[PDB]
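A single protein chain has been omitted; all remaining protein chains appear in their positions.
Chains: A, B, C, D, E, F, G, H, I, J and K, in written order; residue numbering restarts at 1 for each.
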Amino acid sequence: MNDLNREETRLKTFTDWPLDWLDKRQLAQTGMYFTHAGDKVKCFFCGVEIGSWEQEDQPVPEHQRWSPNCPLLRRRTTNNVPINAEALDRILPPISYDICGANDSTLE
Amino acid sequence: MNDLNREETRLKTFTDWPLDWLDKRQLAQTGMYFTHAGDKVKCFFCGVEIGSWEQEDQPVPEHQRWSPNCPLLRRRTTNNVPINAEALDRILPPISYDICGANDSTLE
Amino acid sequence: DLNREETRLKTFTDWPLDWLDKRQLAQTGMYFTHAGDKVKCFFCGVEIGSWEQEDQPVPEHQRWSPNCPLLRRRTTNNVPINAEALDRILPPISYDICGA
Amino acid sequence: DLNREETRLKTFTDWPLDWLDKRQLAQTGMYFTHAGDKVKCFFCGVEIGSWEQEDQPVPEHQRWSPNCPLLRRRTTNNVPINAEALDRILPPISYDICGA
Amino acid sequence: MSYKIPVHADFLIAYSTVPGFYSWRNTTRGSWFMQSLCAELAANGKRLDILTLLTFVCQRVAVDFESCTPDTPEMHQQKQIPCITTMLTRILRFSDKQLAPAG
Amino acid sequence: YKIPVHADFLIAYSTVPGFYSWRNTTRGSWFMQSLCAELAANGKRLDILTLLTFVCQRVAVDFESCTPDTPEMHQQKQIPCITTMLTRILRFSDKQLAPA
Amino acid sequence: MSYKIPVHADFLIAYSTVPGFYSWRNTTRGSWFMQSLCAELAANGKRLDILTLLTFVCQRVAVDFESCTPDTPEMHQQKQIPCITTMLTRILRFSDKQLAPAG
Amino acid sequence: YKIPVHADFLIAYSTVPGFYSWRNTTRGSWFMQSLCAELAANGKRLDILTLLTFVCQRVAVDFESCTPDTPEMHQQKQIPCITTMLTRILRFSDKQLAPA
Amino acid sequence: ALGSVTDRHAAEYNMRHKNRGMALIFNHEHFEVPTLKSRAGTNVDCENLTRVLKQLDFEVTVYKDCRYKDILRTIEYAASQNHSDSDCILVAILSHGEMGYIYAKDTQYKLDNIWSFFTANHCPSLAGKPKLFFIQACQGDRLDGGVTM
Amino acid sequence: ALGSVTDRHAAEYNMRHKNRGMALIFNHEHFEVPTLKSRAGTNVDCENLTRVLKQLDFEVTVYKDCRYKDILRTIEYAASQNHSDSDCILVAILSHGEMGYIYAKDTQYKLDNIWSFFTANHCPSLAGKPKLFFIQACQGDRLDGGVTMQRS
Amino acid sequence: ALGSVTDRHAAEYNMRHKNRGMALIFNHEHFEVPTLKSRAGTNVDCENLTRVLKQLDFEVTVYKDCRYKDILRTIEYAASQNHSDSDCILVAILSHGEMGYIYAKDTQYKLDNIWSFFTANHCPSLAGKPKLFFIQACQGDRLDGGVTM
Partner (left out) sequence: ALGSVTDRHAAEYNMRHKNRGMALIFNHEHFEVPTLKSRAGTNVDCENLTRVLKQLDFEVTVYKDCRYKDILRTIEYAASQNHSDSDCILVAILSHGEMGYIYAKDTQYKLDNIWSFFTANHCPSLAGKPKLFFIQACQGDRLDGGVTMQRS
C-alpha cells in the first residue's frame, strides 16, 4: 500500500484495533501504527514499539518516554504526511533544546 | 478523634490529600483512609495499604486486586459507618461466592 | 590404539604435574589429553584436571565416574601391562541393589 | 598460656586429621581450636579448617594470612621449642615496596 | 562417553492443593490458584526461575487468601496451600533472544 | 492474617512413586551421594530448590545401575521426586556485617 | 585479630560523562544522565545491586540518547557515556526489612 | 541507532590516583594477588563488576604494608580503583545445552 | 581434582528453541456426571491463563468440556509431534476432582495416563525438555483451618 | 497501583535464628521383619549426611534400627520443643520401603503420621518455618529403562 | 584448606540500619560567574532525583545556587554527625563544569575537597559504610560522534 509515511496509511493499519478505550486516530497521527499483534504499535519515525497500555497512558507522553529522540516528536522535519497538519502543531510536545555548556540558543 | 470506623472520620483524614485527579471522597468511602505519607491509603477493614497510582487506577478494583478478602468489600457485615449507605450499595463489587466442590449455594 | 595400557602410557609423554603418578594413573584407564593436566578415561570418557597435591587417581576417578565399567570391575577390552597390579589397586566390589 | 610453642602443642591433644603434622603445624603459630580441624594462629588470629591431604601448614597459613607477623618474620613473643627448626621452616623473606 | 537419563525426568506437576484437600475458587475471579499463578507469570515469568516463581505462587495462595463464607461458618476463613511435586533436572527460565552485534 | 497449617513442608524422597531406589553397597544410595555432594558444595551458596534440582540432575545423569549378573536390572536409571510447598526462599545463610 | 582498612575505600563517584567530554541535557526533561539515573532507581533500586544498576544507567545514556540539534549540525546526533569510578568493597543494595515470625 | 565510541571500556588499575601501589617481592603485588585469587575462584561464576568488588575487598581488608625497617611506611593500606563504563553484564560464560 | 564441563551438566534447560512450545488448556465447566454442579467462572481462569501464557511466547490452544475419550485423542496427537524445534510443552486442567482422580466431561480419571504420553521413551522430541502440568482440581476432601500470625 | 511491603510477603525464610535447628537421622540397616535383607552401607550414607549437615550448622542427632514405636517417641518429643530460637527442622530416613509406606525395624508405616506432628497447629514454634523431610526408601517397585542421549 | 568466616569478609554492605542516611542535592541553575548561561530544567532533574531518593527511604535535603563557601559549610556540617545509625550517605551535584572542576554559584572548584570530608579518618561514623557522589557536570569539552549499529 502507498506506504506508511502517510498518516492515512498509518490509520488504515489500525483496522481490527483492540483496546477500545485508546484513541486509535490521534495515536496513529503521531507516527504510530498498528503492528497487528496485541496492542503493539510501532513508530515509523524511530522504530519504537510499545504495548500493554493502562487505562490512562497518553499516546504522546508515553511515546516520548520510550523514545526521547524521535525525529517526528522533537519536531525535526520528516516525510510525515499529516492528515491534519494544524492538529499536529498543537498536539506535539513544545520544544526541547539540547545543550552541553552554554551555547546561547536556549532561552538566550 | 471519634475514630476511623466512621466514613466521616475516614474522609477528614484525607485533608492535605495530594494526587488531585483521584476521587478523594469515594476512595475514603470504600474503607480507605489517608496514611498522611505520599499517596499511601490504608483500608481500616483489612489493613491493606496502597500507593503510587496511575491516572486511571480505580479505587475499588485496585483495592480488590491487592485484598481479595477484605470483609467490607466482599460485603460481610462490618462496623462501617456509611455516610451514604445507598451509595455504597451500588458502588461495591457484586457478589463473590467461594466454593470447593459443589455445595449448591452458587447459582444453584 | 588406546585400549592397551602400553598405549595409554605412551600418551603421557611430556606429562606435566611431576608429583602425580604418571604410570599407575594411566594404568587405571586414564590417558593424557595433552592439554594441561586433563586426563581422560578410555572406558567411560570422563576427563579430569586441576589436581591438588594428594588427589589419588583411583578415588578421584571414582568420584567423578561412579559407573566406569573398568573401575566397578566389569570385563572390558583393557590390556593390562600388569593384570596382577590392577587386581590389587582397583576398588573392592560395589554391588547395586533396590530392595533385597 | 599460648605464646609458648609448648602450650600451642598441648592444645593439639585429641587432634583429629591423623595425616597432618600436628607438631610442626603448632610450631608455626598454629594451635587447635578444639572444634573439627579448625586451627587458629595466635600471631594474627586467623583460623583455618577442612584440609586436603597435601595442604602444607606454612604455605596455607601464608595463603590466608599474607601479613602474619610471625610468618613474615617480625620479632614476636614466640617461644620456639626449637628456634633453629623455625629458622629453616619459615618462608624466606618478603620485602614490601611502592616505587623504588 | 554416551549416557542415558530417566524417562520420568523433567516433569513438573504443580496442582492446586495438597492431596486430600479442597481447592477454593471465587465464582467471579477464578480459583485461588489460577489467580496467583497468572499474577506471578505475568510479573516475573520472564525474570524468574520456574521453581522460585512457583514458590511465590505458593506464598500468594497461602498468605493472601481466606475462604470467607459467611453462610457456612464451618467452611469460613479457611486456608489453602498448593503442592508442587517437581523432578526437573535444570533451571527453567522463560528466556527470550537478545545480543547486539557490531559495526 | 492466617496461613495453611500444611505450608512450608518439603518432602524430597529418593525416587518417583512406584519405582526402585538404587544403592551402592560400598558408597551408599544414588540419592544420598548426590544429596551430600551438593549440600557440601553449594548448600551455603544456593537456594534450596535449585540446590535439589542439581541433586536431581546428579542422580538422573551420573548414575546407571550396572548389574552384570542380572541384565534385566542392568544399566537402569533413577530420578528423585521433590514435592514442595515452601512459601519463600530457603537459604543456609550465616551471619556477617563489619561495623565501623 | 584486629584489622585496618583504607581511609579511601567505600567511595563511589558516578559522574555524567567520561573526562574531557560534554554532558548533554534536555531543557524540558533534564540531563541524559539524571533521566536515566532516576529511571533505573525507581525501577530497580530496590531489586538490584548498585553496580549493575548503574551499568543499566550507562546502557540507557549510551543507547537511548542522541543529541538532536538541527540548528547546529556539528553538535547534532552526538553521543554520551557516563563514567562510574568505584572503590566499594562489598555489594550495595537498598534492602528493606522483612521477616514473618510465628504463632 | 548509534552508541558512544568511548563505551564498554573498563580500567581497573591498582590504587586510587596519587597513591602508592604495594607489592611483595616474593608473592607479587597486593592487586595481582587478589585479582588472580578472585578470577580463579569466581571468574566463571561471577559478574565482572561484583567480581572486582571482591578484589577490592581483598586488597583493602587482607593487606597491611609491614615494613619494620621503615616505620613511616609500616602498617599502611591500599585500595584499588575501578573506573567503569560498561553498558551490560560481563560474565565469562562457557557453552552448555544437552539436546535429546 | 575437577571434572571437565560435560554440558550434559548444563545448569539450565535450553529455552531458546525456534519457539516456546505447545500449551493445551483443558477447561471444564459442565459435566454429564450427576451431582457435579457446574464450575463458576472457571472460564475467567482460562482467559487469564491464556493471556499470560501467550505473552510468554507459547502456542496456546484450549479445549472446553471434553469427554475423557476426546482428551486422550487430543494428547495422543499433541504427543506425537516434532517438538525438536520447541523449548518444551505445557498442559493445564480446570475442573472438579477427588483424591487421586480428575473429572472429564463424562468421567473421572487418574492423570497418570496423560502423564505417560510424554515420557522420553514415548516422546523423544521432548526427551530432556521440561513437561509442565498445572491442575486446578478440587482434588481432596479435608479442610485447612490455618494458623494466625 | 502498588501495595505496601507487608513483610509477611518476606521473599525468603528467615534463617538467621539463634541456631539452625534440629536434624534427626533415622538409619535402618537391620529388620525384625522377614525377607527384609539388611541394607548395605546404609551407614556410609549416614556418615556423609551427618558430616554435611553439621557443616551446615545443624544440631544433628541419629537413631539406628528403631522399632516404629520408638520413632514416634522420638518425633513426638522433638516436636514438643521450643523451636522459636531455631531456623527450622529436618528429618531424614534410610531404609527399605514399598509404594506408600516406609519400614521401621519391626514394621512398615505411612509417613503421613510423622508428617502431622509438625503442622502449625500442632507445633507453632515452627509455624512459618520450613520443615524438611528427606527419604531414601526403595519405595516403589517398577524400573526405569531411561533413554540414551546425544554425546555432550 | 579453608579460612573461617571473618565477617569482615561480609559479602554485602549492611543496609538495614535504623535509617538509610542523608542525601544532599546541590542544584545550581544561576551563576554570578560571567558567560555562564543558566541551566535549563536543571530543576526537573532535581524533582525526579528527590522523588526516587525519598522513595528509597533516604533523608533528602536540597540546596539551590550555593556560593562555594556555603557548600563547604553544608558538607562540613553533614560530615560531622553520628552516621552510626544510618546505612550510608549520598551527595549529588547539578551544574556546569570543565575538565577537573565543578562550578558553584560563584566559582569553580575541584571536588577533591568535598570528597575528603568523608574519609574514614575524618568521619568514622561512616567508616566502612558507602559514600555515593553523583554528578551532572558538563565536565569536559570534546564531543563523541558514536558508531552506528
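A few comments on the model shown:
Methods note: a residue touches a chain if its C-beta (ideal position, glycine included) is under 8 Å from a C-beta of that chain, and two chains touch if they have at least 3 such contacts.
Within the set G:5, G:51 or G:88, the residue that contacts the chain not displayed is G:5. For chain F, the residues touching the absent chain in the complete assembly are 97-100.
Seen from chain A, the chain kept out of the figure touches residues 40, 48-54, 57, 62, 65-66.
Interface with the hidden chain, as seen from chain K, comprises residues 6-8, 120-121, 124, 127-128, 145-147, 149.
Convention: only the chains that are shown with their structure count from here on.
Where touching is counted per the definition, the chains common to chain F and chain I are C, E, J. On residue numbers, the F-I interface is repeated by H-K, which shares over half of its contact pairs, out of the options H-K, H-I or F-K.
Chain K has its Cα centroid 46 Å from the Cα centroid of chain D. Inter-chain centre distance (chain I to chain J, centres taken as mean C-alpha positions): 30 Å.
Along chain F, residues 1-7, 16, 19-21, 23-27, 33, 57, 61, 64, 73, 75, 77-79, 86, 88-89, 94-95, 98 each make contact with two or more other chains. For chain C, the set of residues touching two or more other chains reads 52, 55, 95, 97-99.
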